[PDB]
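Q: Based on the hints, put chains A, E, B, D and F with the ligands in the right spot on chain C.
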Amino acid sequence: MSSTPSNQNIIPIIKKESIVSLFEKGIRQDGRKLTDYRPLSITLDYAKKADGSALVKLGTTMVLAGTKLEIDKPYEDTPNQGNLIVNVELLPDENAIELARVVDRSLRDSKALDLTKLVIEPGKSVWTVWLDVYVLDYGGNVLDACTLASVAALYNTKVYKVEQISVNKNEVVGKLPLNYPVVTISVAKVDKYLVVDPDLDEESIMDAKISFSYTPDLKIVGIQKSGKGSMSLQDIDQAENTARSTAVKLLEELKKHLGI
Amino acid sequence: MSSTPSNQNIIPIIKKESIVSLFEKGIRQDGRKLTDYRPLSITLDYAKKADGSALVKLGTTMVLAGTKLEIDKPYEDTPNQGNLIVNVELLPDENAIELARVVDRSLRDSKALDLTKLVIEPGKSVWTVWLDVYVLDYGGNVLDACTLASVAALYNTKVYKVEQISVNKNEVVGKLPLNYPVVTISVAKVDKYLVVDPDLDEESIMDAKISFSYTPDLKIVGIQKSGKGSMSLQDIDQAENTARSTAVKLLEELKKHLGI
Amino acid sequence: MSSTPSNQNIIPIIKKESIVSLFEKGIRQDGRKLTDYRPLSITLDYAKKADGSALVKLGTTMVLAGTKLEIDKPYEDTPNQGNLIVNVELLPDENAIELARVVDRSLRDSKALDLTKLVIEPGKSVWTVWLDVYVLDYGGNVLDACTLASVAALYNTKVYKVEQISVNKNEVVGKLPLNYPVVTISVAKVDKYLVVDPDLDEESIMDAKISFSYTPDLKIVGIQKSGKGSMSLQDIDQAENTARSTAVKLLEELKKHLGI
Amino acid sequence: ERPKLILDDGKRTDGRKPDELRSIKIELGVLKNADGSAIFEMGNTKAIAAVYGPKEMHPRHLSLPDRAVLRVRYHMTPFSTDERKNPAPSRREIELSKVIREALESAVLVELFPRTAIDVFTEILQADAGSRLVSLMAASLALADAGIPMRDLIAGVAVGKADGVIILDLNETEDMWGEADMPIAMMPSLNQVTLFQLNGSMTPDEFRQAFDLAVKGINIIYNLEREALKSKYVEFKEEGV
Amino acid sequence: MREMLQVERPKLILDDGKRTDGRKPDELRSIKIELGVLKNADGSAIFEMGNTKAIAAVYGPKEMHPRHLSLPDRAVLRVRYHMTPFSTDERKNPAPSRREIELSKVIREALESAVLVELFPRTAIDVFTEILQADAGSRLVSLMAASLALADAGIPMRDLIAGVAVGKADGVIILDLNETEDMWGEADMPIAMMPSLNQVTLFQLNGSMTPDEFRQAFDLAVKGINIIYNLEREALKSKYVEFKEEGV
Amino acid sequence: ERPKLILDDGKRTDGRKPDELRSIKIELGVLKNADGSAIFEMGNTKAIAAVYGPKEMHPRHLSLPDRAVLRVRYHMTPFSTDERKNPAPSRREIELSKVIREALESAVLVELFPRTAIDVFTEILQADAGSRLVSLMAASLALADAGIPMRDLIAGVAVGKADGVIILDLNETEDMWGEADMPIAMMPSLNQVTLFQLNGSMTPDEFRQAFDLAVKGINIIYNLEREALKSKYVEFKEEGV
Ligand SMILES: Nc1ncnc2c1ncn2[C@@H]1O[C@H](COP(=O)(O)OP(=O)(O)O)[C@@H](O)[C@H]1O
Ligand SMILES: Nc1ncnc2c1ncn2[C@@H]1O[C@H](COP(=O)(O)OP(=O)(O)O)[C@@H](O)[C@H]1O
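Chains as they are written, first to last, in the deposited numbering: chain C, 1 to 92, 104 to 175, 180 to 275; chain A, 1 to 92, 104 to 175, 180 to 275; chain E, 1 to 92, 104 to 175, 180 to 275; chain B, 8 to 248; chain D, 1 to 248; chain F, 8 to 248.
Simulated from the structure, these hints should not be mistaken for lab results.
Footprint (simulated), chain C over chain D, 3 or more residues, beta carbon under 8 Å:
1. 98-109
2. 196-204
3. 215-228
Note that beta-carbon positions come from the ideal geometry of N, C-alpha and C, so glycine has one too.
So here's chain C without its partners, still in its complex pose:
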């Protein structure tokens, strides 16, 4: 049973009017233009006992994602596929579950990770990729940071030698079958303006936000409208143009962090 959150720290009409007056001049509180992403940090191999991990700082938002690989029997329905299990946890559920699914969907539908290559003995044994994403600092636009931390954690993942039946965890065979990275870009609709990567303040004054997932060849690979309000037709159209021309820049930057 899903209900309107009684927490959600209301933000006065006067403060909203201050932020909107800045938007009218195409500048924000942080200083960035309406279309700018926040400063992006990625530290790879942060959690040492993970098979692969990534700590992402997008503005004040911090996500740590880590992968853990295991060998299981493939699930009777999908006999020639490995498994990917995404899991999000907020620390400061329902939003968590929604976050997990949105990320999962965009990693799986893009085929950024090829599950059919995670097979060891078809029908007998396959790899299961456990992806676990931990939001440590809720600085707004958690979704975009999650997609980044996820993708990064997968690109950092080390696969081990298989005794065929048993894992030898100190011989590294290779990396995950990853076709390409994926980015998610969230565009917030505050009043009558579209704003890329909304911060904590902007998310609490916005009508709704819409999130676009892209592959490097700029195919839309997932869309999620989110928020208590509505958005016009022309808005979603414009949002996606903005979202996409942002994706190019974010992808280049993500790649620099991930090494090529």
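A: For chains A, E, B, D and F with the ligands alone, coordinates are given in the frame of chain C:
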């Protein structure tokens, strides 16, 4: 841990006296005699993806029950039996669980459904009958409506061809091994009167109600006293006479809906 | 998520001074010296359907513990061991879970029960000892009573004939592979005094309590500091001297109840 | 392979005639930290009940403006049965709790303690059938021990049919293989039926016979409850109704 | 003999312009709407799109149970998306799935943009929704059934909510999907609108699309929504509406 | 089968003498949206702690009239260990939370904030033993960072016995195969033991040695905490007690 419901939907002493004053003249709010059942509608095969379903309208109470058949290994304790799993859900638990068990018990102990004919290969594979009952409109006397919807859903159930390995769901082999229908009749004790099939109002002013389950040759197959109050000895005696002479009426009507 | 309990009962500053003024004269409310245990009753095989049970009365605290034996496949990790599963219940959780673990740990680490002796067929089938401990009367120092009830319940346990496939529960083969009993002694720090086996009142005025587990050979086998306050270095030192010289007396008495 | 339940002349599996109760043992105020407590035994069915007397209710929105809220818990210890019952509550324990609570609600004068909660905890230490009734009576007595006002005490037996014969107060075995099992609980002085169930199969005429026998048994038990209230401890060897 | 291997996945666009259920790419499934079907609810509706049937009950503005969870200025919407175990071909476990949990949040947020909650402070409006038959688009059939059940409960809203799932099947953009099209199509994009305000209430895409396709799929969805909306307004007047499937 | 723990030279599995700490790293105020935060790393055990400062309590009936209510969560990330620990809370996590809370309750002056709740969340990012202490210290520091008044800082080490030898600050390997494992946490300036546990086996005379050693280790760690408070960031290479 079971506690007195705090949504005890209280009904004023003045309104109670109005209804009791009518009972004293052998008539009720809705016009029926102290011993009359409410108007009864049954629509068979309402949920199309069910193996068999029935939507029952008893007064303002609405129950939808549906069966779904599966092939399972019989449980180690009962090797030459199929399975029946009844499940009730209120929509507007504890009362749900009690409803499920009361229905289950009266379908099983009457042997209205013969579980020993649901065997395919003894010890190897049997049919499991999933009965799911959904109360959509709580109009009082939910139990009697549940029994009806259940029985009807079972009589509407289609069994499929067993390909020798699994199920071929577009060839219909036959029906369920059903010996006879079963009816449950609830008699409420309001004040010093006994009232058959109490409605929403009558249930909230009653001391307690007692429910009798009957097979067509009028064998008592289940009794359940229910309600926060008590009932006298000759009350239970009288109640059952009333319940039973009602049962005959209700059974013939159920059968008409069920096509003999 | 563990939080400070809101509904345990505060005890006035005036009543606290009264008890402390008595400690200052080396006497307590009930009459015993600062180092005395409360009166101890043990009734063996109290729960008749258990495979061994014990009802312990330590002061007003009452614990009933009962064992139930079963045959399972041993854990893939521990192929040459039987299982011990301790479970605590409070009736008048978190404190329960903590109690279960503290008892488990001291029964296991002491080797008081030898799990490697509970093997029937190595890798194929072993005994699982279900120990269930029920606190019926919370009279303070529940931990010490639990250890006693547990140990006593294990010493009362009857093992049955193993008949291949199953168990034949009316032929008694022998008793559990028990090396020795174990006692847990709790020492409370009230004000500036150390008090052995605190009662209900003493536990609610204490700073913190510390519990020491001993084998008959006076080896420390478990320590658990407990309570919302702190204890000094010399306190823990002194506590354990007191705890140990108490253990000798309590072990004697426990053995008398058990039939050495 | 089923067992013969009534052998050729009169005697059941435990050597009782069809109209004999099991042995009864009652003791009151056995728990020192409860407001009222009682242990009830019927043959091999032991139950212990504790009451924690009228008190303010924790989250006030769940309390009632005019009534006390009864909170009743029926529970079976893992070692109460032959095969270890799982401690996690079963659908059957959930139903039995609701049945027992509704039973007690008709006896306890809750309209005397508004905005309060009365907590009745019950554990079955040995289960040998009739455990829902042994529980209910232990509760009733524990309430009386807690000095909480009631219309009457609650007394109850399970009556059943075996090899076509109507029998009083059932075995583990009679519950298991008998054609019917009908627990009945009364407020005997008011002739009020507090709890009433039947699982199994009966003709209307045998239902009325079973009914009559149950009353007689209840009356005998009731007398012991009354004795147990004054003297705190009662034993009763198996006897004919 | 790679030579004989031929894709496992079935063709979704077949002879003539047409699809697996005999519909053209620009045709809705049959629609059936009925209002006030539940007596004891404050507002109720049954919505069918082809083989997807949802029932929605509303229990109207009421004081909230534990007062600390209520809102000082707004009503709290409580929304439940649920599938009956017999709604699907195989049996859906009744215990709530992560997918049901997500769909509930998305449906609630959708309704929150339509319902004028700023009118009923310290109250809760309860919207329960069962899916009785699932054949794709069930999150939208549910949302619309809810929107109508709200209107039936006489609760003030900015507009009614109308929605279709638009998708891409065999490189072709199609309107209102089958379970089969949902299964095997490249893309599945549910869109819900407040048509008179041109406000997008719900918007999702699972699958893959080029920016232009996305924009085409977008224009087709609007047209479908507009036809459905008309039936909603009709169904509000007459309580009962039946529409044979056909071209946008 | 079974490993060696102290070698023929007298060094342990990780090349430490029996009286050497692991390397220590502390950094404060690392989380922007928390009222106080800290990362603590003992060798390979890294914990992060966030504090959400004194705040009006959600359901008021659960608040205390005179005190703040501490809310403490000990949790291990699935990727903190070698074999993926389930995210669903384990009985061990539940106990550790209670132990850590009771530890903090003795240090934090809760008297000062009635009707409020102080949240302390703790995640273990890498587990290599002593994780209940690394968590507790990270928490203690995060509280000090949140500017919440306390009697003293909390410092702690696990002391144990490997092969008959008493050792300071254990590996997963020493925890795994050692005869004893004794976590001790203190308010060093007051000589107050805040947390104290022992799993395994010890003679009374041994217990008293392991104790003295623990104190010496605690004193060195305490100095770094005091340090890390003043400069926000502290590195310490392994060395002898
Ligand atoms: N899960 C179980 N496993 C084994 N024996 C049981 C179980 N549940 C009940 N029993 C025994 O069989 C009897 C059947 O219980 P039932 O007739 O349903 O209610 P009651 O507990 O009132 O007799 C019980 O009294 C108990 O002695
Ligand atoms: N547990 C399930 N068992 C069988 N079919 C399912 C199950 N869950 C979903 N489906 C099928 O998938 C269809 C489409 O689901 P989805 O893509 O979520 O869209 P919608 O929820 O709009 O139907 C459902 O309508 C249903 O037929």
